[PDB]
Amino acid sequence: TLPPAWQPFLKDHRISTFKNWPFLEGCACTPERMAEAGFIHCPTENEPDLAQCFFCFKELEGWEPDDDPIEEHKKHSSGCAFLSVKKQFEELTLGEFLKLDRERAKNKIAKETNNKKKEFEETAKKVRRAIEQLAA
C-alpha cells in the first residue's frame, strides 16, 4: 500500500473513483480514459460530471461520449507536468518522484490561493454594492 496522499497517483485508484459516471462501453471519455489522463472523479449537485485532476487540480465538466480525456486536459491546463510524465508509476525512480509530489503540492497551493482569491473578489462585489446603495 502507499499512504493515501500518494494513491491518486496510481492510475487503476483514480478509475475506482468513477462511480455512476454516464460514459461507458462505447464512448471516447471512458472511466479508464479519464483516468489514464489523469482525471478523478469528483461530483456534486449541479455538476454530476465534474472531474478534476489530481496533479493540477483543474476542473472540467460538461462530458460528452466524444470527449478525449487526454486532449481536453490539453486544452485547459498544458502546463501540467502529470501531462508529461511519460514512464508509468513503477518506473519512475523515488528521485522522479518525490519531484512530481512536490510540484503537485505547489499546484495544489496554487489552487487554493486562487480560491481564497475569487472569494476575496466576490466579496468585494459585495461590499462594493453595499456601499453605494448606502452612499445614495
The other form holds:
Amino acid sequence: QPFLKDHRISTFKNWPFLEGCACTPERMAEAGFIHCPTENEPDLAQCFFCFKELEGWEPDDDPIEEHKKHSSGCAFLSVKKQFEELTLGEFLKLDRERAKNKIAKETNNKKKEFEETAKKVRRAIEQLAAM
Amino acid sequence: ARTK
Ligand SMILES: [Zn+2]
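Form solved in complex with the partner chain structure, per the form deposited without the partner chain context:
The next block holds the full complex; its first chain is the one shown before.
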C-alpha cells in the first residue's frame, strides 16, 4: 500500500512546497516520503521504508538527495526498477527489510527515551554523591 | 532538511 507512489502522494494534501520547488509532493512521494505534520513541525515527512524523519525542508531541497544524505543505508533508495516491475520475491525481501527497519526505528526510540531518563537519574544521584 |  505505502509501496504505491500514489498512496504516498495523497498524504501531501496540505504540504507547503508546491509547483516551483524541488521537494514537490511528487518528487517527495517518489523518494519514499510521506507527510506527517505535527502541530510544531508541519513539514515533517517520513520515509515509508526506513522511517527516518526529516523536517525544516527548503524550496530547493531534493527529496532524494536529502534521503541518501541522512539515511544512506535505505534499501528503497537502491530500488532502480518501477514498482510493478519487481518480482514477487523481490517484493517479499523488500517487505521483510521494511519490517526490520520498523523494529530498528522503534528500538532507537526506546533507547533514546531511556537515555533521556537515565541522564536525569544519574544527575540526581551525583547531587547525593556530593552531600 | 534535517533530522527531527
Ligand atoms: Zn528511507
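Numbering follows the first chain given and starts at 1. Superpose the two forms; the largest set of C-alphas matching within 1.5 Å is the rigid core.
Once the cores line up, the CA of residue 128 ends up 2 angstroms or more apart between the two forms.
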